[PDB]
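This document opens with one chain alone, in structure tokens, the form solved without the RNA.
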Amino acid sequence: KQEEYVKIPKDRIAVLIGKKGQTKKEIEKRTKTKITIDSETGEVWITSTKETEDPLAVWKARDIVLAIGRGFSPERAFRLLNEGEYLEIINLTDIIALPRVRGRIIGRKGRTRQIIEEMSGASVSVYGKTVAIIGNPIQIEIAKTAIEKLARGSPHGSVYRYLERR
């Protein structure tokens, strides 16, 4: 027996559930957990079943839920099922008003965020008040560092050279 409890934005619940519960059920099937959603509050419970492999199966389902909630598509959140892959959520507030930080990370037509992902190997989601990263710890650390530089006003050339070096 095991229960993880989280809360995602009301904005995201519909994407977590998907077409007639298809996404919710895809997460349940891949992790062997039960996901229970409150559609009014955005509250989500991730519970183990008799089929659950181990504690990490629950944490991974929870992190997929959290990743979707922080703006990753479900297809992109399912990266977290891979071993050695972790989720890191950063509040934009403590790496620096806000739409300007988001634009610095994303770039013109999202090109900077594509450069960060290609070069670090991490997946990156900029959404509301957070940036969220999916990667092995090293990949996360590289994307995190580039994002921090960009948030503080570091020129693109410096960030791109830093990323080449990594």
Second form
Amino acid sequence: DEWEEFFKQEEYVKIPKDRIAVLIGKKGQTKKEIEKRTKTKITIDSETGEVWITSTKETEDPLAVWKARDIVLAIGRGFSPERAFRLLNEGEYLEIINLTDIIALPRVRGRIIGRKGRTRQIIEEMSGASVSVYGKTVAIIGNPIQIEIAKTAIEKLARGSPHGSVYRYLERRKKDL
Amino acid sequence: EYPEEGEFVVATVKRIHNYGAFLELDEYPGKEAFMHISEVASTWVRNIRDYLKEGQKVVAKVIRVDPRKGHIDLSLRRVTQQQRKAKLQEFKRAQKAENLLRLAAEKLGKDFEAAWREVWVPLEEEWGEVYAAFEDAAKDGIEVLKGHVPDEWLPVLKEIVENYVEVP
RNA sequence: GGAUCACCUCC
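Structure of the form solved in complex with the RNA (previous: the form solved without the RNA):
And the full complex, kicking off with our chain again.
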């Protein structure tokens, strides 16, 4: 309680209803791995989707609460736990774009995904970032350079650029190395 | 180096005597303060140990400060609920800012004494609370720090604040 | 290929 009052860091988020299952995992294994891997304590409300992430006496990484929180959001925005675990690497961040802020929605989703997900895969390969398209958002994991490349390409597709120029754009940015 | 009259501080009870206690101030390393028995509670205190234990952490008000002699007096009774709550929020935000700054230092290869001298001190002087500096940078861009800290800190402070501090 | 994809599913 001394510790509770003077040191505990706590974060609160809310993930969509049908991702709750995924966050928990079979026998709670997924939540337990996040907890284990970040030395945090995660509390999930099965009805409302509210999640609480807090530090513990055991917590060793000062930024861990925030990393755990981000993995929770990534899972919430369509990433699988395996893919969300990328956020434990140094200097990799999660960025959530609201499609509705750019733009018809279902159509833009399909332009980002591409036939058989070819567009998503090319964006991931060329930017180096991980991309999840889900509901009204597209979420990207990577370092800021990787994020800015994927972000730009995704925005181009939303604003109506033909696929060709997007790939050429990606081709251009990679060539800057 | 010393807190101000009227400032709320986090402190640790180090010694208890019959008519008072000595506390070390957590945010002013090695600085000791006195707390008279009459400042421990709003009711009459018969035994201090009913209210204080060696090692206990406390939010307390600074009621008297003499910097030439290095005397500091504290009071526990004068702190209101709201004041306790605020100070505790403010203390937790100072732990974040410090962790954010340690991370920026590691990224840039500067030791912590430098980070303190080049970033912490000047930001504290100007915004009053380092976390607040970061909150401004998050809302209006890292450029708000330009001038207060060496330019080489901006790119990395930028990456860290943008990803970790919400705009209020 | 010529624009909807794959993996993860109640502690």
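Residue numbers count along the first chain shown, from 1. Heads up, when I say rigid core I mean the largest set of C-alphas that superpose within 1.5 Å between the two forms. Shifts are known only where both forms have a C-alpha.
Relative to the superposed rigid core, residue 156 shifts its CA by 1.2 Å between the two forms. Once the two forms are overlaid on the core, residue 91 shows a Cα shift of 0.8 Å between the two forms. Relative to the superposed core, residue 55 has its Cα moved 3.4 Å between the two forms.
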